[PDB]
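Before any questions on how it binds or moves, here is one chain, the form deposited in one PDB entry, in structure tokens.
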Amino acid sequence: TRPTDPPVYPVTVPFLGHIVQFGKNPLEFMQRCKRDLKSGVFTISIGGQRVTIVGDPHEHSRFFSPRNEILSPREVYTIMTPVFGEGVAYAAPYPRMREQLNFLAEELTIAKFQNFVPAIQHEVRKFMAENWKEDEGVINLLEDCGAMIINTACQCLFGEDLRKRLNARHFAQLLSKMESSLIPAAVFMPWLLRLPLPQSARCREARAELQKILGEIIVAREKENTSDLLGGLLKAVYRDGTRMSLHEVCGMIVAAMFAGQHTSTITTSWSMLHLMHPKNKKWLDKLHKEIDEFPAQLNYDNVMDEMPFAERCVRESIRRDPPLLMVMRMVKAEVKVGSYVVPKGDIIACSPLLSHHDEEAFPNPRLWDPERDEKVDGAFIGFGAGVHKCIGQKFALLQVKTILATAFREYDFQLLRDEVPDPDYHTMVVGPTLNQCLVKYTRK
């Protein structure tokens, strides 16, 4: 304790200290901390590592503004090394990391988008046509949104040859094996990673199978690409004279697909679940009124400039239940957050989960109300902000919006459950409880 420290939540069980409670309900646990300590800015213990939460939305900037030398991502992203590739992205020196991210940025922006809406529509219609064939049936909506999200992304981002060698299902399995390997505990207790774990070898094996497949597509392709993701990075030349290695190319592909697969899936699922719930009739009607204006074949302009209501729907689903609960950095140099200074060596967090539930910024936050707006500027941080803000944001909104436009024009849905699913907090990227996602479709 220095006298310029956020209040600390009292710890019992030193070795843990709060990992079980936080682990069990992050929302409920961080709101008890904010309330009992009368402070938005506080410090918990996770396995003995101090974690300072910047849970006051008026203070959001002081987390998202500072450069890499003050608030550092590398150390928190160490867990992802076996996914992105060993010296890749956050694990490269910071200027090279930025080029790598920017090369990905410039493949989702924005002459590239031109063929995206119709490629998303085609995959959605093919999926509904093959899986929702009956007049009426029961589906698990989280599993099917998953299938659609991989199918649509693949079709937007890959040539037919890569898709003929790596089908969407096969891809989802590889991505899924990588994700289910990770142990979020270790972000806070990095010694856990010096332990032999079969999980990390499952995750390297998965990554290595992808690079192998990708390498075969590249040799094949170099015997007589244009718009597609792979062919872009193939042609990326760094500041210096040099080109990307296979390992890095695989890196940025993994990173883009890994990023969007679970988060957009969850978001599409949440959005539909709200929309189909009886109380939410008012909003389902508003959506049909936006979307029934449009033709069978949609375009860039339809989805982008002319669906502000669908967007509000997607944006509020992520507001109520952000899939990424916590944004984190390692405090390399002490920092003023409000009053208080966060000491060197702390993990500093800014939590979309917690900030999207501040009663000042989001009055009555458990209410899903798509016509609402943040009452504190910057409060919404679902896709981050500052130097690390999400670069799939635009792709993600357009994909989810396009699916909603296509699914609801064609089907009605009934939630088979009285209430909207609980969020299930046992997993790294957080979604609605899988158990509770049975829905009944009626073909219109």
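Here, rigid core means the biggest group of C-alpha atoms that superpose within 1.5 Å across both forms. Residues that one form lacks are left out of the comparison. Residue numbers count along the first chain shown, from 1. What changes on going to the form deposited in another entry:
- The one residue among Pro198, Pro93, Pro295, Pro278 whose Cα position changes by 2 Å or more between these two forms, with the core held fixed by superposition, is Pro198.
- With a cut-off of 2 Å and the rigid core superposed, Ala186 has a Cα displacement that reaches or exceeds the cut-off between these two forms.
- Displacement of the C-alpha atoms by 2 Å or more across three or more consecutive residues between these two forms, following core superposition, is confined to the runs 185 to 187, 189 to 200.
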The other form holds:
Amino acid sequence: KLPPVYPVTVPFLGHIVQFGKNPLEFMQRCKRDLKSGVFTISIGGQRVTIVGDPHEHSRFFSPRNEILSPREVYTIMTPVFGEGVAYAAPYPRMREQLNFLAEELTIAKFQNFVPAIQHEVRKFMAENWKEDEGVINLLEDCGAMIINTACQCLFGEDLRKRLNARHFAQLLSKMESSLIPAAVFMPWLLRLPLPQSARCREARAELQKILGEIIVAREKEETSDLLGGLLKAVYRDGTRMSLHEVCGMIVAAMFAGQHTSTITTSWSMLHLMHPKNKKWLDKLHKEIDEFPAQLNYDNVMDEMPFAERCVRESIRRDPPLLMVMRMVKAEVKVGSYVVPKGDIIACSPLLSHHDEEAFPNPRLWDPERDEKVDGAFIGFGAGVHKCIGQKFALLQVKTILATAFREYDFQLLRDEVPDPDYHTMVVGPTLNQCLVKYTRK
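Which structure goes with the form deposited in another entry, now that we have seen the form deposited in one PDB entry?
Just the single chain follows, nothing else.
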């Protein structure tokens, strides 16, 4: 039982085009006009099957790569993380590799983090929000704090000194400068692509070059950072990581967070400041108002369940990553239908999070809601490939919120909360809507 196919009106580009303008509405359209939402868009002549049903998510996450591999679809990353580094490494290694990062971003590895990140914020604002009140772009400053903060946590002083955040940021940016989201048909498209790499690849090298130097430098003198920790790692056979792979994993760490976290932090501030949500804002404050000026792990990790709620909804309502794809290397059965081998198969947070059965009044941002279908919230993916940085991210967000709101109040210079800008790789509030006003308490 092949799933319905939205008929293709213009031979080569219509869906890719139609999705670009309004994917949510587009996708829903197929759900709507084919009745049963396990449809199959065609993108480039690639049959693409979207699993639109919360109930049948489980089928999307669970099958192991040898049945549903992202290695094929995410190939575009390969210049960035490095040849053989991640999805470009056979699954024993990839799994091994990913597993090592995860172990660096575990809640154990956070003992000292909160003040570090809490610092950078108090530092940043003070430096960029001098006046009692002023006007700033929110997206950007969240963007600056996110990056800034991560570095404070995940990188050592020598290292931080040798390559400061701003430079990283530019470094990182050059790397997406490469990226082209063909992922839906992306794999095949790789014929002789222009060195979109050329800009980035240089960037990877410069990072690596640096990374070596600290290692060389550090060892001379006589250490627990992200770099330090990855080096200690050993594969199951018993080989260590090659700084090439080390450099890649670090890139992954900075890469995943940069937009998703920024967008998340931002939305969350955006919704909380808005006047509709006074109620929620007051709730937060009771939560955070007795927190000691100095902030420590426990306040954030343990004593902030609501705030977490707020972040999760923000992601739930407008998730940064619109969808997830796997390459079907074997025929598999989703509910009634069956999906061909060789059909790229995708699952979308953006859609499932607006299925009205599981998220009714999806556009209402309620931090206190709870999914009415399990695994409907997939903002951080699910099953095998669960996000491995989410705990870290949340940590970042919840701290920025407590710190910012605690000493500031914000006024949204737009009548309504912004509109999502879908014209980006990772989807966020529109940069222009984001103007926002701040008043030192």
